[PDB]
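Enquirer: Here's the letter readout for the chains.
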Amino acid sequence: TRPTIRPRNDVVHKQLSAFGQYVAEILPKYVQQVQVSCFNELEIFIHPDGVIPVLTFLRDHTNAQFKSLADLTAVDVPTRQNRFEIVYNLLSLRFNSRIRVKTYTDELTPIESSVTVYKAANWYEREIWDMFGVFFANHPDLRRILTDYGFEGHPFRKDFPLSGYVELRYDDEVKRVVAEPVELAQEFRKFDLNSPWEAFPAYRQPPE
Amino acid sequence: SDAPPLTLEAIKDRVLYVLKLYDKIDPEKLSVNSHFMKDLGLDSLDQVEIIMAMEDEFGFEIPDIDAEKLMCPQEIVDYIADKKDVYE
Amino acid sequence: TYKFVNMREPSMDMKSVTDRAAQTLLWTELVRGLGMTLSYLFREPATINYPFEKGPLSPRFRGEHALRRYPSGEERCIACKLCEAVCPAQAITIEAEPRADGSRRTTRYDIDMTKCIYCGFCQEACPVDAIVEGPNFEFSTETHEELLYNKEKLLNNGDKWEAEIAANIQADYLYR
Amino acid sequence: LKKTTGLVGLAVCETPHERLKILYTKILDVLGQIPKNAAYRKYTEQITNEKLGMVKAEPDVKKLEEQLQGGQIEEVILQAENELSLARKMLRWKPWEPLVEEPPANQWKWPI
Amino acid sequence: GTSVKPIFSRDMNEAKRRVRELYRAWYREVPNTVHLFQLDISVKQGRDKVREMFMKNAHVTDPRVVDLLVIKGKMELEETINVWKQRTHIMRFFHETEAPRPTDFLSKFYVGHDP
Amino acid sequence: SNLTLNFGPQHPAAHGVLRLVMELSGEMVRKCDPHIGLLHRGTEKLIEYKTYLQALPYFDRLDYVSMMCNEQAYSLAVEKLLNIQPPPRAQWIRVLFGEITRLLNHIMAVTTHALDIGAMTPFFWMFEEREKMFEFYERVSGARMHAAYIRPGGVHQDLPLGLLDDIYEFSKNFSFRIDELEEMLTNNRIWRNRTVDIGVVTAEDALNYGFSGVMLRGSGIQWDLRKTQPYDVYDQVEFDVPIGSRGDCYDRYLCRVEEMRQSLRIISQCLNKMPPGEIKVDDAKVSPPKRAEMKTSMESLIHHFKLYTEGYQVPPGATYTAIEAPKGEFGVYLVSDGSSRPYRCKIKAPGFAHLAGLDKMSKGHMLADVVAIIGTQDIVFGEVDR
Ligand SMILES: CCCCCCCCCCCC(=O)SCCNC(=O)CCNC(=O)[C@H](O)C(C)(C)COP(=O)(O)O
Ligand code: SF4
Ligand code: SF4
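Chains as they are written, first to last, in the authors' numbering: chain P, 43 to 250; chain G, 69 to 156; chain B, 37 to 212; chain H, 5 to 116; chain E, 14 to 128; chain Q, 78 to 463.
FYI, nobody ran anything at the bench for these hints, they're computed from the structure.
Possibly wrong hints are sitting among the right ones.
As a list, the in silico DSS-like pairs of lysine-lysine whose alpha-carbon atoms are at most 27 Å apart [unchecked claim]:
no., chain 1, residue 1, chain 2, residue 2
1, P, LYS71, H, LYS40
2, G, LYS92, E, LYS62
3, B, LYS39, H, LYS40
Per the computed footprint, the stretches of chain P lying under chain Q, defined by three or more beta-carbons under 8 Å from a beta-carbon of chain Q, are [to be verified]:
no., stretch
4, 46-54
5, 76-82
6, 110-117
In this text, a Cβ means the ideal position worked out from N, Cα and C, and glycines have one as well.
Could you put the whole structure together from the sequences, leaning on the hints where they help?
Expert: Here's what the structure looks like:
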């Protein structure tokens with residue numbers, strides 16, 4: 043168990059558990075769940091309506107002081123009724139800690155823009171909108187950031203195909219670059235790698 | 069001197085000229101009281117183009133509201149008369 | 037544990053003021069920079085006489101791909117397709133069948149050199165040292181089609197570069 | 005006395021004790037308008053009272069900075085203003101109310 | 014019921030009002046677009062294309078979907094006005110190098126296997 | 078009307094494919110609108126279709142000036158998710174090559190910044206040193222830049238039998254090259270005029286906008302991830318953290334030069350403290366076995382086959398792992414669903430936030446000052462666009 047196994051830290055685990063309990067007690071209106079991962083990573087699941095309060099409390103509270111937003115992104119899980127999972131990562135320099143705040147939304151429900159709380163979010167929320175199609179309410183200048191001008195659809199969504207729907211080429215008759223339906227000389231070859239034998243008993247799900 | 073004392077007859081003549089200048093409307097068929105949607109079979113989008121043509125013709129901004137009701141030429145004449153204060 | 041890069045205060049004695057005035061009016065630090073460039077003018081340049089002189093390389097160098105043989109002249113590749121499975125760019129295409137003598141050999145072995153990222157994962161994955169990245173790097177073509185390698189081209193590369201490839205492998209296989 | 009706080013845009017504070025006392029009194033005044041059983045009120049009152057006692061008991065700025073663990077008393081002042089603003093916001097938000105909505109049964113289930 | 018939260022409009026009337034406003038803005042923009050991008054189309058062609066793009070989505074009955082469609086159309090209009098777009102992007106709406114794909118059964122049967 | 082100008086992508090000062098739409102009154106910059114995405118390759122979706130070993134060479138090509146630092150961040154994320162531990166010699170190799178990579182990145186940043194400003198000479202002096210470090214990269218992995226040496230289990234191969242001596246020979250001459258660079262730039266009144274009080278950012282603004290690395294330290298914020306949240310063997314080396322005073326371009330330049338010196342210090346320590354032992358985790362269900370074992374033992378062959386076809390499975394879970402990359406905090410949000418392919422990989426690049434703040438930092442400045450600010454933010458668009 044010594045040489046090749048990653049060592050544990052129970053002190054940080056206890057501190058993060060206590061602080062998660064602290065946050066949950068202070069904001070019962072929005073906090074739905076609190077988790078401490080095995081490698082000491084605090085996670086706080088909330089209600090979407092509490093995006094702005096929670097973050098504000100987390101960045102302003104004397105005992106919190108998470109004044110820096112590492113990054114903000116989204117995860118697509120099609121099996122969930124609320125497709126998109128919004129993940130905020132925050133860093134506290136005063137207490138040398140990190141915290142993760144997660145909420146959910148679907149295709150037609152906006153999330154409150156948090157540019158007011160953190161200036162850094164601007165481009166992160168633009169990127170989430172571009173890649174996933176999640177609208178952010180009250181956003182200063184919301185528009186595509188990564189994709190091409192006039193590009194239809196959101197690439198990061200699970201349903202979207204890897205190579206998309208159109209390609210580009212230069213056409214001499216019209217003397218310009220044109221977009222046409224994708225044709226591939228060699229199709230991407232899909233591999234089935236998943237082993238039919240279970241790897242991790244600790245994560246086994248009930249047999250329904 | 070500035071612009072002449074515009075009258076209702078001038079407004080009606082200009083409005084009907086604009087309508088007869090629209091491709092999707094046969095000229096001699098349209099009347100002053102012909103409803104745009106019912107009489108000429110025009111869609112909501114078509115009405116929007118006609119109102120914008122009025123704004124170009126008479127040079128004043130007709131909001132989205134108060135344009136949703138100008139559904140026959142006569143209502144356009146009444147609206148312009150009200151906005152420009154013309155009675156005779 | 038930290039240090040300051042711009043927290044120094046200048047002395048205000050008459051000598052220091054006169055030295056700074058001389059620096060301002062007579063441009064001393066500019067002459068210092070001129071002296072540095074003049075010093076570099078009289079050094080030997082670090083340029084090499086290419087193509088006559090070459091840059092140093094290593095036995096681990098990753099270059100053009102090649103298919104190798106056993107000393108008997110039999111091909112090493114047995115069509116396990118591990119290189120095709122591991123390739124992150126999907127640059128390898130393999131088709132195989134039993135040979136006329138029942139041997140497990142490939143009938144198609146293509147590498148798309150304009151897909152390849154030259155990572156060397158395939159030669160790590162190969163269990164019989166059949167596919168290698170040889171030492172060559174001067175194989176620019178005039179057309180795109182010349183960079184779509186089939187089995188004949190790769191076997192020819194192996195035949196052409198075996199003498200150096202074997203010597204490179206002998207010098208590095210004990211680190212692998 | 006001290007020059008160069010060292011952080012760009014953070015001016016040196018003359019008379020920081022008075023500023024800290026005023027800010028902490030304002031914070032307690034705002035907390036007085038929150039329901040007494042709300043966790044935010046009691047936690048913030050406790051920490052504010054400790055900080056105010058520390059400020060009142062220590063006339064020396066560097067010793068007070070070492071007691072407060074807040075990093076260069078100008079930053080302590082800034083954090084006090086931040087807490088006051090948050091207190092007003094929390095008064096408006098009322099996050100001590102019961103959870104607004106319960107999420108779907110499989111919403112946070114992972115994997116899949 | 015159905016417990017949904019709006020984006021901008023509470024019913025289809027407000028959504029239609031926003032659609033009409035965006036249509037007015039595109040209609041006004043088309044001649045400037047033809048001038049600035051030096052397009053070889055007429056203003057009539059551009060306005061016809063704008064109408065065709067608007068009518069592609071005429072079947073929508075959800076105010077939230079309509080609000081998102083108006084947001085996307087406003088994004089495209091802002092993009093066109095500021096010249097972020099190039100002539101190739103504007104001309105991508107007309108599919109000038111795409112051979113017409115037939116729709117009747119017999120031609121589809123002749124060309125290949127796809128329906 | 079303000080003049081509207083396209084700055085890039087085909088511009089020398091652009092530092093890549095950047096379309097900076099700028100509103101100007103005369104030469105004064107009224108507004109900066111960075112348009113990015115001209116190097117968006119869709120890396121994260123591609124990473125979703127790969128195994129964990131197949132996704133590693135993408136992190137080489139995120140920030141193409143700090144390859145091994147990108148590899149180390151990803152490897153740390155995957156090792157944290159696997160609950161395994163790299164061996165000590167591998168960690169020392171990782172820290173040594175991370176400091177060499179920091180030297181590479183800082184040389185590139187400082188010399189390209191000087192080249193934009195107009196001082197073209199130091200670039201040629203420092204790129205010979207960059208060439209020698211590329212040679213170090215090549216000897217260890219066979220590649221000059223995209224090495225792919227650092228793997229989620231340690232490193233791919235052990236150092237060749239004479240590499241430490243050559244790294245020592247290079248490291249004992251580099252300080253004089255830094256000195257020549259500083260003679261060229263540090264006290265030049267023209268350079269100070271082009272750099273002092275340009276692009277000044279306050280500590281509060283730097284924190285809120287999401288800045289990291291030098292963009293924080295030039296404004297006096299005392300934060301270095303190697304000191305506060307150490308990884309590998311960074312807790313066993315000694316070095317100082319440069320700190321600025323004014324938050325301008327000049328202070329950021331001094332910080333980077335001193336950072337280069339401190340990296341030399343760390344390299345000297347790593348050379349004198351490299352321990353013996355194996356280079357990857359002695360766990361053949363994660364790290365491939367040696368080839369002699371693969372050709373003699375049944376278990377080793379089975380594990381080689383499975384690790385190179387299907388790859389190792391990672392237990393379900395999500396991590397955010399961050400390192401102090403030479404351009405700032407570099408992070409990975411990695412989501413595993415239990416299989417051998419990552420479910421999600423979000424990449425956090427400091428250049429994203431720095432470029433999002435470029436418009437703020439350029440208020441009240443001219444065209445040349447904006448060029449200097451782009452240079453001082455140390456932007457590579459592979460990591461910005463991904
Ligand atoms: C230069 C050329 C380039 C072209 C530029 C690209 C333009 C893209 C703009 C896309 C934005 C949208 O689709 S916006 C979404 C539009 N869809 C809806 O509003 C759904 C309900 N349908 C209706 O209300 C009617 O069918 C209607 C026909 C709308 C009239 O309405 P009236 O009953 O009130 O006449
Ligand atoms: S070097 Fe890498 S990309 Fe090229 S064929 Fe081998 S595995 Fe594929
Ligand atoms: S080259 Fe090697 S790995 Fe690839 S199919 Fe042949 S034997 Fe297998």
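Enquirer: Look at each hint and say if it fits the structure.
Expert: Quick rundown of the hints versus the structure:
1. For the hint pairing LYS71 (chain P) with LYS40 (chain H), the CA-to-CA distance comes to about 17 Å; that is within 27 Å, so the pair holds.
2. Under the criterion of a C-alpha separation no larger than 27 Å, the hint pairing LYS92 (chain G) with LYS62 (chain E) is consistent with the structure, at around 16 Å.
3. Pair hint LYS39 (chain B) plus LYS40 (chain H) does not hold up; C-alpha atoms about 48 Å apart against a cutoff of 27 Å.
4. For the stretch 46-54 of chain P, the stated coverage by chain Q is satisfied: 4 residues place a CB nearer than 8 Å to a CB of that chain, which reaches the threshold of 3.
5. For a cut-off of 8 Å, the count of residues in the stretch 76-82 of chain P with a CB near a CB of chain Q stands at 3, and the three-residue condition holds.
6. Only residues whose C-beta sits within less than 8 Å of a C-beta in chain Q count toward coverage, and the stretch 110-117 of chain P has 6 of them, enough to reach three; the restraint holds.
Hint violations for this structure: number 3 only, all remaining hints satisfied.
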